[PDB]
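Q: Spelled out, the chains give:
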Amino acid sequence: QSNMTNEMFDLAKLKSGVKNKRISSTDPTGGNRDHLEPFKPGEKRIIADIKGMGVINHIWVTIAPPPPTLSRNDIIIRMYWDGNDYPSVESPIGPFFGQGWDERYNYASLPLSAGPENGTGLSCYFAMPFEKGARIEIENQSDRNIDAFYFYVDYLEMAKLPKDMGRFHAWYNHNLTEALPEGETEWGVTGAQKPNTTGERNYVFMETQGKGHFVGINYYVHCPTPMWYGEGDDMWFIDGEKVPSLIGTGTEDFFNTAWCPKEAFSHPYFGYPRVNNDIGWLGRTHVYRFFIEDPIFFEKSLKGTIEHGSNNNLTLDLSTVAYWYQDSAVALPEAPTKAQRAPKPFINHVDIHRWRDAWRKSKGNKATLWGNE
Amino acid sequence: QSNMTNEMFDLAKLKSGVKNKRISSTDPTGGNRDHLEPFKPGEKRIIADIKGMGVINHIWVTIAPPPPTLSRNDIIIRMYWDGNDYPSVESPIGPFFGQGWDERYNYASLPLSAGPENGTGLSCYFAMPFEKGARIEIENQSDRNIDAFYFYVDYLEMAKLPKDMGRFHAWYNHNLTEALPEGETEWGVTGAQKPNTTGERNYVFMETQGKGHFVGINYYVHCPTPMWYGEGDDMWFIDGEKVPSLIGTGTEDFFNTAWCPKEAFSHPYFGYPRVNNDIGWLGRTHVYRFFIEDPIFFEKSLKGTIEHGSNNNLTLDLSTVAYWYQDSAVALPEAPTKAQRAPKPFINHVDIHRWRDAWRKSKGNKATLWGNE
Amino acid sequence: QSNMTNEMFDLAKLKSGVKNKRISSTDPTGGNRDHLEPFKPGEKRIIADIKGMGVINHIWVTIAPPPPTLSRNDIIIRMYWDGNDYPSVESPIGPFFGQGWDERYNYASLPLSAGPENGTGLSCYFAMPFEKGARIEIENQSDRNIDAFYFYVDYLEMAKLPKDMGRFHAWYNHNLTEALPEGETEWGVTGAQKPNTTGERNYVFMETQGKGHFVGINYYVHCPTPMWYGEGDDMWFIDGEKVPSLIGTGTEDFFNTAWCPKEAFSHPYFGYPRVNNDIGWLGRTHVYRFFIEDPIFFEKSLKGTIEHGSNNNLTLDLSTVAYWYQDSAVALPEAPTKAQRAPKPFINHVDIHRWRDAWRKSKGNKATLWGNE
Ligand code: NA
Ligand code: NA
Ligand code: NA
Ligand code: NA
Ligand code: NA
Ligand code: NA
Ligand code: NA
Ligand code: NA
Ligand code: NA
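Protein chains in written order, with our numbering: chain F, 1 to 373; chain H, 1 to 373; chain Z, 1 to 373.
I should point out that these hints are in silico values taken from the structure, not numbers from a laboratory. Incorrect hints may have been included.
Each pair may be met inside one copy or between any two copies, as identical chains are not told apart.
Claimed, not checked - Below, a list of computed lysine-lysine pairs in the DSBU-like style, where the Cα atoms sit at most 35 Å apart: (1) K51 x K194; (2) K211 x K338; (3) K44 x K262; (4) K163 x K211; (5) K262 x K40.
In isolation and in its complexed conformation, chain F is listed as follows:
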């Protein structure tokens, strides 16, 4: 028999052992109230409770009111596989679908998109297998109601789950990174740079034990300086090795770009859906990269890290969502609290005028200091 194969060729092959199912917010009366009842502040709800074996292969969500009125940073999505009491997916729902902070913007990637109206149509094509059921939970951590929650959870019911199917995991993390004690010595501008041989102070976006592979990252940086935020290298520790086997060159480099960019760009596997649009790199940037053709495999453990500036010198407000598969459904670290992951104010002309004043004082307050002394 011919071994011919590719996406469109295989689509033409008849498939066995699959049956479509869908859980949705469809109005059960047949009317047009095709959304769930409102969520009060703090309310949790199981929106999908599936029994047995299957594979989720399409999720769509939308929410009313839209951002900024109702921040999608403050609505949590959690997924529990195989009857476990812990979630293997836990994230603010906006960041999970590639919508950072309390913002909205259209973009398309192969697994995740935020489509019209202006980023409110959320869709996900990651496949999520399960053997002993699946539970999807929504939690309203906002101070106002979720007036209307709309969704589709499309999946294939299977009489027999193929034996090598993994379990989908996703974890949101957030840190306000700490500058070096000597200050933000990026590019050696304010002081001498030093080597980072260990990755000890790197930001950690993923850490797990098991067998599997890393498949993606949504990276949300809010930079409080106009200085370039992305000199930092990615560094991966596979299967408990002492020296990281995968070491990068820069953050834009890791995201398949170069030369401190700040342009919107789209590829199915990587892109910049939201750029800072201000002096230097001051403000917010969202970057993503999916490792679909090129996952990062591990047989025992994986620790995915990235420097926050060269040798971790910068103070950055950084959040990430990491996506991966592993052989069984495992637990995640504690989630950042609502207060911990709150979006930060944009640094503005008043703040920078105060920096200029402290800088003028450090130079002896000469009446005609320009600013480049």
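Use these hints to put chains H and Z with the ligands onto chain F, whose structure you have.
A: Okay, now just chains H and Z with the ligands, sitting in the frame of chain F:
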């Protein structure tokens, strides 16, 4: 042996049992008249007659004159598999390739595209297997000539067609949908809304008997009201079930979008290549969704439907092309006639001023009626 | 067992026999000098020397200084598989990654992209298997230094390479094509057109012996006339056949477009990332097409050709990069020299005024000749 696989990894594997063939409109003399002879009005022609086993995996077409001079709504493409006297593909050629009405516009999706010059380069990457030959027919239903028809039909000749290969089907449908007897009660604005528990009056875009899976839809709506046209739910009846197992929440929702959008957007699997660009949602919108990673499977039958407004309250000029695979090549319903599928005029300021006059009369013709009473 | 499969479904399957490795320009001291030492003019260097079995599945590169200061047409990339003393990949690095001439511009295709800042982030997702090692070499053919060369070479080490894995090949070619002796008779404007039954004078972008399949072409045309450059048909000779089995209709047609286009357009498999932006088609156009779902297979040999204007009538500055797989790593033809592949000057208003003068003289220099006589 390693089970490593993905699109780019598998592309690097040597393939057995395939041989390239191509039927094209190439000038047989070696000159530069690389198109077919003109088609007179009403003329049919078999443009490709393939014997034996194979898989079509790339089609490109262009036509002269371009639209609006020669409407691609009035040139029919038909495909016959395995020596059958009925077509398993039947559609106006523009709508088949994602060009609605008598229009032209650039767009790209994974299986279908209309590229430059301004939507005239038509391409298709759906795989189309056949065991006992294939015939592709073009029919000119325009009142003028097809001056020049250009094409490529690329396929792989196979000594043995792999046994689980399905057959590609596509069907164009059109309806001028009927409003409810009480009128167009969308959003409960003109009167009370009622439930749709059965889907009895839904628009039907696909209905077949066999084993296979649905893989796509091109949806062409011409809305004669500024009111939002897409509150309607998709509803699928799999294998003759009485209650539909897949029920949606809205039309934009089904197309992975939200909040009554009218923005151009592109994803390999879904998008809005043509938007209404007028008050509310008055005018023409083209939406598509391909179910490549997430097909709708069936073992005995499938009926794919969608409401035309909530509880089918709206009058919409709707046409669709549905794409699917099934185990054997089957027949399609009768095609809409040329008159039935004719594009409708755009509702304009004169028409709406006449509506305003009837509305003023219904309010007693107060000399200072504003319009929001 | 279910035969369910597709890209996202298969991504969820656990994989065996693969281990990630990466060679990069990471600063070995842990500092922030994450690029290689400068290359002097003429200097060659092996940047990656891998032993054993594996598959490269992601490459990223950037270079300092950027274009036009340092032309990426004058930095050569070469790849040697299985310990061979000849390269199976040989190309100027800009053209290899879809950046023609000495230019820079953002674009994205599925296998190759040039991302921000303004086309400097080069990435490649072609899979490149090898059984007895791999060597990647960079040669500086510029008259100035490569100040900083940055890269990632991501690959999977395999204990056993699956047996049907091919070898990746890529070859850059360049020709200043010769007009017909009677002149540039395109469209029969300057004289009678004649048939091309043999393809004898066609431009050759690929020629090899072995078993495999063609997967892509980057086509870089610099047209010195405003006349349309793309009437020329693609013509393929498979396995030494006398009459080419695959014959096209036009160059834009071959690139899934139509009607002499000159619009930027993007599809994962084809597109126009750089268009001429001048009268007619005068100037530079970059077109690409990847044959991922629809490769051109061969069991013994392949010769890929295209006319340079109908019946090869035009003088075009043409360069191409062809990409393919075959069963073993084979040698390539001699590369064009630096002088041979040098970008040509743009034809300008002064040049055309001189053409007008020769044309006026040919018409007898009537004092009021308009130009359309
Ligand atoms: Na519903
Ligand atoms: Na409903
Ligand atoms: Na760095
Ligand atoms: Na031809
Ligand atoms: Na020809
Ligand atoms: Na609805
Ligand atoms: Na490094
Ligand atoms: Na470093
Ligand atoms: Na031609």
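Q: State for each hint whether it applies.
A: Do the hints match the structure? See the list:
no.	hint	result
1	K51 x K194	between (55 Å within a copy, 33 Å between copies)
2	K211 x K338	within (31 Å within a copy, 49 Å between copies)
3	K44 x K262	between (38 Å within a copy, 33 Å between copies)
4	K163 x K211	both (14 Å within a copy, 25 Å between copies)
5	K262 x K40	between (39 Å within a copy, 31 Å between copies)
Checked against the numbered hints given earlier, this structure breaks none of them.
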